[PDB]
Each structure stands twice: as structure tokens, then as C-alpha cells.
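Only one structure is covered here, and it is reproduced in the block below.
Missing here: one protein chain of the complex. Every other protein chain is in place.
In order of appearance the chains are A, B and C, and numbering begins at 1 in each one.
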């Protein structure tokens, strides 16, 4: 039998199967199959065909994506995709009428459109173009221009700037439709005084002089962009005179300094909830605004503000959680850190200060998934006391002591990590089990939690995987200072615990990270174990989330202190287990893992022979404000500058004389700029440390080009095999 | 006994001694010694002290350099040195009165001065500041501003732009004093439409956002800078109204298109010689201009123009040679390529077309060194038919058949490569023998060519070098197509020709290069031979100069064709000699050598196991116009674009699958931009070629920082020892 | 006898609504018909006196508040209106009989138009342990907003946000203000609030 080779990983020879579906009603969903979209009946399973892809054999352009309107009368076709950043992109858009079965050619959506989105019901469109918002009631009718102030790299109406896209919203858009599509709420960003990061872009052979890219990017302590919030009535749009956007201001407890907009959640058709966060991200406020029908403006009452602050660290895991309102919108459920330090569901009232925790324990609620009048459906890591798993529970709202697990013991051997997708009334729900076994997608009916049918079971892969020697995943924990710190181990096939294997520490250690979970993965670690007989291990130390705030907030204002030691201790614990060759222990990481990998190698512990760091942070003053300041504060002498200084990789350059180091970075990295690795190589050379480097031309943070992704993992494999004297 | 280790090379433990002197008259010179300047009597040798360095213990700044005025009344002190490019720099300047022994503090020279130079006689000063020229008659008196048009990166009065500094003049200044200091001739450059190269500069850890450097740089075929020439009368400078600069235009045979100014040589106190070169550098014109005393302007007669063009290639070795006028200025000597294809001295008349070659043979005159009314002193590679040597000859002007070698047989074993420095009337001359033996500096008296005394003989090093196993240098030739192509070999100590050594090919192959000479060198090759037992070899194939135009012009409009093959053939010739292990043959180069090294490795010859290329050219459209176009023409479909395309390293990326490759480049390279190596790594990754890279942060073309120079040669040594399985 | 000097209303740049100016006329005689005829009145709304009779009565003291006000925002100044303008900028006092006059000024009038119209759309005070307590600051009728000190003459742009700390005479805390900027118009639009009183020497201010 063969082994899971690197070529298997890099050429995707053992592919997983998914089952992705859009619930279009409470008892139907859409599923694409052989390019022909099918509409399934959720209850029975009989599925007729919605739309056949041969309709667009006439189109003449390659279609990246489609988006059918909520009413099902139109389909939005996407082409000319051009990726900007992690989430942002531009493309051209054609609307195809499904009823007439004709393409619409009157008043076409412009090219280079930045964002498009249907109304949540019906067929209205809101699209952003040249940083300006346009509303299109009927797809064949003229657009109403909402904003006139959009400006390149300066003013963003309806879309995010770089740091809001990446570190706040995790999305390009700043558009939020009203639940029935009457109001269009949007944010405006103003980067007028935000400094630009500048890096060379070499395009192709033909381009004689390189481009210099310039991106508004606030590094730690710099000038942040400023944000405004507006609401426009899309029903009262007039084509004779320009449309009014009513501004909603932030609470005055936020206007006293720099702040962020972090959440926009509509509660009713006339009520919206906004959350604001101080630039010192340990104090946030929710504003609840009702639409005044008699003045046309929005009233946010001060008695309805809701302050969510933290005393041991930052608010939320990465940001304050979203509220799940009731139907009437007079109360809402929201994940809060309780008095014990664990994140659980609280039941606020819009005009009353306190809330009631409806869950409690030594575990965290990961997210609120669905909310009916009788039941609240949530996902938590409670089962078997394992933070590395996920399971779906529902709680009875008439009696908070009655809770039911819906995924725990469906197949507890194979299935321990679940995500869910409910129908529009939560009448049916699809469970997705990501591990430890092969992924398993199933349908259920909420009224009884009856298991209806199996959707995808990956048995096609299962038969393929029989002929290959797969590695196994050990997930366990160790106790340091009477605290359970979790870890995982990819063990080679036919693992013999009397032998001493080389080990390779796969590290991230970012605040609220979790690299020790139950999920099933085919990746570079599988190659290293199955083919190269290397134990790959990950560890969740101080700073890792989902284990309580005592653990997660342990690194507050002290990045690169505890999680760096804890990964070194994990290596010591593994080496003293016995089946690990302590002569050959390595470490590797990518973004915060690259930072920690370098810090560990510069620690002088003598524990690790060699390490490899891709795109690493080197000094926290080089990274963006929203992320770095969340954990580090400001780099001023009054706040935290002393540790900002005493947390640099460059400070440790002397101690790389003991290790073998490989530094890898992309020359077009918009996020962890090439500057960071450039300064490390400078520092190593000044102290006379030999090392190995590799720049990847025109590559971004997570190297995504096909040829470069293959090249990097090939290069890294040679480095590890050289470092272990492997054949 | 020990070997010449890498640490010996990188820490300069075996230093050479020099003997540098300024002839201040025809029978005296200045020599600094223990920081105290001494004035030697050339004839007798008795040397009193000019100036003791403890005078400036009061100064308070570290003095980079000094420059005593021709009359000896003042010394110019240089400090705050800030290097710009190869030659250019800025610094602050103080004038110290030698007679009063006081520092001058009235009307001080400004800071950030770009160029300063005394008048050739007396104590006038001409200095450039903010791209403007200022003349200072008396060091304690106000400056007269000559030019008002200087502008950063746009207009350069009296100084060169980037490409004129580097590829035309090999100097920063565009100032040329009249022989007795009456007239100040200068060039003006205008980069208004020259494209900018832009690259990131990261400075130090402190700098949060990197600088983007922007340098006017015409790549191949781009918009060239435009040049004007002026003369100003420094005696008639008035402080009430602005001074006049009389322009001298180029001949109309040059104004019909783009051109360059390539030489400025004063003939008399009222006559100046200018040389202009067409942008297609196979046609040049010398203009001879007399100063009109009755109109104040300059008359350049058309009957006095002198056309020097080439039919097989470009004019000159890198540029048309300079003329050496007689005292009356009515005739001049100049190195020309004769009808046979060899460069020899021609004797023109200012108003007669033809010239008379006074030397002829199958060798080239390297340069005209001195010219008296009775003798002309030149240096040539004639002796023993060796292009790799240099020797000083004088020719009798009354009989061109009577020629005398003054350096051939002084010590022909130890000394074969000579340079000379004459006194101001050529009454005494200092010979400097750079190899093959230890350098030897001696004095002589021209009237008899009598050897006066030994100046420096490096016997201090000679005794040191006894205790170390030095390698030997074989210099020989091979015949291909009945043409002698020369080569050299650094052979390890105790070399045994019955053993098969690994070889490392040190390659440049640039047009008119010569890597096979007689010179003595302690460098990385000495380490590789003495310590690592590696034969280092260099070869002079087609395109190499000093061997005739048939060889040098063989690569015209075909860069990367013959010199690439010829270096591969040299490796074959060496491997079939027998004492070379053909399993281990490598190649290494730096600027054109880096280009050729990559081309050789992408040639698929199968001859070289591994190669390393620092700062290499990859596509000739990326390099500057003046150099590239000299050899390649323009990259237009009408001229030469087809070969511009078929000469790229990126084109050969497939064939690096057979070799081990190391690519090294500095991130702040102003000359061979990091772009060039960035495109190679791109090409290699797209074709899936594994290789090794190393970027050097904030480093220029010839890596000159102490820590980086040590780091690179350490890294390269590890690469070669890995490639040879060496211990 | 002295004639009531209505000059200050008619010269230069008139004050913004939140930073209005007032004229107490005591012991003078007036011609109000002349005053109103210099403008072109679009609203003349009187509460507690018939608009006809205010030009005729004899008052112990007549007061007039003047400021620049667009006819665009007429409804926000009507008695008992709910706009930001009555919360934060100006509120009509009805303790004494009063008259509201909204008028457009002609081109051949000696008034200079200010850059644009402005008004405060938020004025609240921040205190508490972590500056957690927001306390909106609404104006009493006929008094001035505390926010007018931030930017008396107008707003450079719409949405200007201001803040400063309040001295211990002002009662601690941090004052926060936001300013709305409305674009200006073709002819200057102005607002007048005329209050009258009766009592001590009721004849002090009589017509002509």
C-alpha cells in the first residue's frame, strides 16, 4: 500500500465532497449539481430542476458566480472577477430574467462594481461603484444614486477600507438591508489622514517599470480611519431630486475619542441595533434606534444603550458578539463573558440594564444559530468537556434547565465537530460534521429533531483511502499549574511508541486561536506523517480561546510572552513522553505562528534544532492598529510602548546562532508587509547569523497562487528533511 | 602551516600596502603617513612635513577627506559624508587657512554640498548645491551663483544625473575648469521626462512605514535625459548683476536626434574639445571651440569637426577615448581603432581630416599617460604578446619607429601589470606593479628612466605569507577556430595534476571585460583554493576587450549568445584537461556574470552541476539605456526587439530543473534593480523549479556594508561546499 | 424721543440660530411696519398677540431675537415642534406675548450672507466611572445652548464633532456636540422672534 505523498496533497488527488445549499424557504433549498441547479423538497426529498446551466452557453463570458433573487424571478451573473484583498474584489454583472428567460440589457450594472446585493426579499438591488452606492428597484430601470461623496482611497460609501474589511467586519460590504427591504443602512469610511503602506509590484515580464502600490493602512498607533453611519429610505426614492440619507450618530460615550463601528443588526422593520467600540477595545456600547415616522429621523434612546466592557482584557473574542433579537425586537439574546470568565448566552431587554444568563458552566457557547419563540438553538463545546469539539444544542425558553443535544450521540465516534444550517423558519436543519471522521452532511426536521436522510457521507473518499497508509490523530491534554492545556498529534501509520520519532511543532498561538480540535484534515501534516514519519503536533496554551477568559486574556498587553513559553513547554512535555527524538524537534508557523516560531527560535531554549517562519510579524508596531491595539494597547510611553519594544523578533537575533532558520515572505503582502521579514533578515545579518530566505514575487499573505503554493510546500519539505537527515 | 581561510579574507588579516601620492610640482609630491602629510623631494628623497593632523584635533568632526589647494595656501576639509550612488555623495565642507593657521568662518560653504573642486591653479572654488553652481574666488568671500535653474531630480547644473554619472562619465561632477582657471565649463542635464524607478527602503527598526525611493532612470528604449553645455568666465563675475553662461551647442550632425555628451577636454586656455555621441553609439563627433575675444562667445568651426564612427560595433571600449593635445593645441593624440581592428594612437590635426597612426600591431594601447614635446608615454599590452599584462612604453615623436619599454624587464618575473603617475612636467614617474607578484611601487626619473628608489615592496606581507599555504595562478590560453582565447586558474597549494579537483568558474563575460590578467589578488578565490581545494577559473571569450575588435565586437547586438557559449566551452576544455572532476563544476558571477551564470545554467548543457548568481540582469529591457543600447540597439521592431526578447533568463526557466541554483539580490539596488531577480524567481516558480534565494535588505549593487559582505560570502561558501560534498 | 435702533439686525453677517443675538428696547419709539417691509415675510405667526396689534402696542420693554434661518426648516421652529433645533439651538418662549417672523432678505439689503446654515444636532454631557453616562442637554425656552461655544459662527462641514471638558463651575464631565451643516440658499433667509412686556412704565416703548 502507498503513502499519502506530497503530490497527493499538492495535486488534490484525495478530494473531500461537500453539500452546500441555500434555503430559499422554510421547507425548500437549492443545490447545484453538474452545473444544473436543483430545488429540493426538504421534507420528502423529491427535487425538481430550478435552472439548467446550458441556458448561459450563449453568454460569452466565464461566470464566476450566480445569485438568484429572493423572489426567484432573476439571477445575478458575476464575471470578470478581480480579487483585491482577503474579501474584496471587483467584477462585472448581468441580470438575467428567469420568467421571460431573457437577459436584461436596459440600464445595465456598470463594470468594476465593488459590491452587489439583492434586497433580503424581492428583487431590489444595491450596488457600490466608485465608492458610491446605487439602488436599483427594478433590474431594467435606472439606478438611484444614493451617495455623491465616494473617492478613491479616501471616502468609502457602502464598502469597507482595508482595516475595517480585514480586522473588523471580515467582509467588503458596509451595506445592511432592512429585514423587508425598506431601509438601506450603510457605513461611510474616511481614510483622509491614514498613512499609506507602499510596496513594489512587478506584474509580468512585459512591465518594464514596476508598479508601486499604495494602500491606506493604519499601523499600530497611527491615524485611524473615521466612520459614519447612515440610513436611507429606498421606497421614497425620487428621480427628480437627490435622495436623503439620515445619519445615525454614535453615543457620546464614544464620540469623546477614536472609536470603531463593529456590528449592525436589524431588530425589526423599523428598529436597528448598532455596536460601537472604543479604540481602547475594552469598552463597547450598543445603540438601539427606532425610526420616527413623524420626523423621518431615527431615535436612539439613551435609556436603551447597553454597555459591554471587560476588566481583564478586550471585549469579545475578536469583537463584541451579535445580538439575536426576538420577533417583536423588545428583547435579545447575546453571548457575554459571565462573572466566571466563560462566554454564555445572556437575555437582555432593550430598556433594562441587566440581563439573565440562560447557560452557565465551564465551557463556552460558540454561537447562537437559530431562535424560535419556543426554542433557542446554540452551538457549544460542552460535550465530554472538550473545547476542541462543537455540538448543536437547543434550550427551552420556558424552562432554561431543559437543554437537549441534537448532535452529540448521532455518531460520536466519527462525528464530534458540527456546524448547522437551518431553514427560514427553522423547520429543517442540515448538520455538517467536519471531524474527526470523514465529513458527514445530514438533514433533520426540527419539530422532532428526526434524522431525515443522509446527504453526503464521503464514502467515495473512504474507499479510496483504504489503499493508502493514513496517519492517526491523537487529541489529549496536559496539566500545567492545574490547568488543562490541550494538544493534538498527527501520528504516522503503524505508530510504535517504543520508537523515537522526529517532531515538528505546528504553531499559531494567536489570541483566541485553537490549533487542537477534532477536525478532519488532509494537509501538509498528513504528508509529513504518512510519508516522512514525522509527528506533527499543535498546542493550545495561554491566550488560546474557547477555554475561558482566564486562559484567553492571559496574554493581555503581553503578546509574545506566555504563548511563546507555552509552546516551548509543550515541546518539552512531548520530548519527555519518550517516543520523540529530542535531537530533531522543529517548529513552523504562518502569521502569528511565524511570529511565535521566530520568537521561540530566538529564545535560546536549546529545544528546537530548526524552524521555518512564513510571513511573520516581527515588531507589533508594524501591524495594523485594530488588531494589534486590541491586545497591546497604544505604543506610547503612557500606555504600553515598553513591551512594544521588548516584544520584537529583531531583539533576539543573537540567539538564532544556535538554530537553523528559514524565512519566507511574499513581496506583495498587503497584510503582514514584506517590511517585517526584511527587518529580521537585516537583524540576522548585522549579528552575523547565517540562515535561509525565500521571497515569493507578487504574492499576498496567504500564498494562494497555484504555482507558488506548490513551490513553497516543496521548499519547506526539503528544509525539514534536510534538518532531520531524512532520506 | 595554516591555509588562507575565509576569515582571513573577510577580516583582512593579510593586508596589502600602497603608496599613494599627489604630485604638487614637477619634482615634489605629497604622501600621508601616520595621518601627518609629508612633502617629498622627488629627486633626492629628503622629505619635510607639510601638515600634521593634530592641527585638527580642535575641529570636532570626523574628517572623511582633505584637498589642499594647488597653491598650497588652503586645505579643504570634508565631513558628514553621505554616499548617494557609485560616485555621488553629499558632505559638509570647511576651508582651513594654512598660512594664518586658522579656520575660515566668513561665507562658509553650505551643508549638503554635492560637489566641490578647486581651480587647477590657485585657490578658486567651484561647488554645486541644490543642483546649482557657485564660484568662490577667495575662500573668505561671498559666492557668485552661476546657475539659477537647478531642481531636484529634474535639472542638474554642474553634476550628473544617474545614468550620466554611472554609464557615461564614471563621476558625479559635470565641472571642467580652464587649464589656468579662467573659464568654468559645465554640463546641464534635464530629466523632465525620464521615467522613475521605485523601490522600497526600510531604513532601520524604528521607521514604521518604509520609504519609497524614486530615481530618474531611463531603461532600454525609454526617454533619455537631455544635455546642454555652457562656459562661464570666472574672472568677470560681477556681484551687482547675474553672470552670463555662454552656451556651446552640439554639431548639427548630433541635433537631428538623441545624443550624449561623452568627453570634455580643454586644449588651451582659450580652446576646448567636446565629444558628442549619437544615441545609436556607432557615430561620434569631436567639436573644437575657440573663445572669441571680440564677441565673448565660442566659435566651433565645422572644418574642425572630427567624426569617429565604427562599422562593426560601438565607438570606443565603453566611450570614445580622450584626446591628448599638444601645448599649442593645434594637434592631438588619441586612441583609435585602426583599419586592422586594433586600438592604437593616432595623431590628428585640428583642421585636417586624416590622422597618422604612430603605433601598430596585434595589440592595443590601453591609454596615453603623458606627452612632452620630445616623447609620448603610453601603456600597452604588447609585451610577450599577452593581453593580460600592462607595461609602460615611450615613443620618440621625431621617429615613430624608436620605442622604449620602461617597465618590461625591471622585474619581469614578479612584475607584469604596471600603472604610472608622472610629475607635472613628467620629470619623474612612479611605477605601480599590481602583479603577478606582490605589488611594488618605485620612483624613476624620466630624463634617463633611471630607477631612483623603492617606495613600497610589500615585504611586510611577504614575510607574513610565508607561514600560509598560498595558491598559485596559472595564466595561459587555448585556441578555438585558430584564435587565442585566454584564461586563468587559481590552483590550490601542492597542486597535483594527477588528481581530479572540483572547479568553480568565475565569470563576467561583459563586453570589453578581462577576467584573465596577471594581477595579484587576495580574495574569495584564494580561500576556495587554499582552504577548500577548489580550482577557480576565469575565461576571456568573444566580447572580451583588449584582444582586438574582431573579438570584442563579436557580440554586437547579440548579448548573451557567444560569451555564454564560450564560458561553457571553457568548462569543457578544462574538464577534458584531466585534473578536473567533471561531476563538480560550478559557475558564479555578479553583474554581467550573474546574467551569464543564469544563462549558462538555463542552457541545458549539462556541464555545470550548480551555479550562483548575485544581482543579475535577467532581461536587457530592464537595464539602463546608455549601457544596454550601446551593445543591443533599441528594443523596437525596427531595430533589435527580436533578440531583446530571445535573450532573457526567464525564457530558460525550464532548464534550471537540471541544476542547483542560488539567486542573491539587494532590495535597494539602484543599478540592477531587484525587479530583475524578482522576475527570475517568478519564472522559476511558475515552471516548478526549486532553487535557493537570498535578499539583502537595503543593499546596493556591489554589496558594500561590512556585515552583509561577510554574510554573503559566508552563505555562498556554504552553497559551494554543499554542492561539492566538501567537509 | 429716541427711535428704537434696529440697525444691528441689518448689518454684516447675521448670527447662527444656536448663537443668536437679542435687543432689549427700553424707552424708545418704534416703526415695526418699516422693519418688516425691508424684508419679504413668508411667515408672521404670533402667539398671545394679534400680529396686527403688535405694531401698535405700548410696551414696558420689547425684545427681538434675530438669527439666520432657512425657510426650508420652517416646521422645526413652529410652537411645540420636536426637532433638534428646539432641543439644542432655539426654543420660543411663550411666557410673554411673542411673534415669529420668517423672512427672506433682498439683494439690495446691507446684510452679508454667512458661509452656510448650521445647527447642533447633538449636545450631551458625558460623565460616570468610565465616561459611561451620557446626559443630553436640552435648552430652556429662550436660552442658549452650551454647545454654541464650540463653533459660534457656523460649521466647516456637516457632522462636525466637538468635545471639551467642563470646568468645575460648569459641573464636571466632558461636553460633546455634533453639528449639522445645511447648504445656503439664493437669498438670505432670516428669523425674528419679537417679545413684548407690560408693567413698569408700560409706555416706555410706543409706536410712531
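Please note the rule applied: a contact is a pair of C-beta atoms (placed from the backbone, for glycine too) under 8 Å apart; a residue touches a chain by one contact, two chains touch by 3 or more.
In the complete assembly, the contact with the undisplayed chain comes from B:247, out of B:7, B:247, B:404 or B:523.
Here the missing chain is touched by one residue of B:240, B:302 or B:479, and it is B:302. Residue B:255 is the one among B:255, B:327, B:454 or B:577 that touches the chain not shown. Considering B:27, B:151, B:228 or B:718, the position touching the chain not shown turns out to be B:228 (whole complex). Although one chain is not displayed, subunit B still touches it through residues 228, 247, 249, 251-253, 255-256, 283, 294-295, 302, 305, 307, 309.
In the analysis below, only the chains that are shown with their structure count from here on.
Computed from the mean C-alpha positions, the centre of subunit B lies at a distance of 81 Å from the centre of subunit C. Distance from the subunit A centre to the subunit B centre is 57 Å, each centre being the mean of its Cα atoms. Look at where the CA atoms of subunit A average out and do the same for subunit C: the two points lie 53 Å apart.
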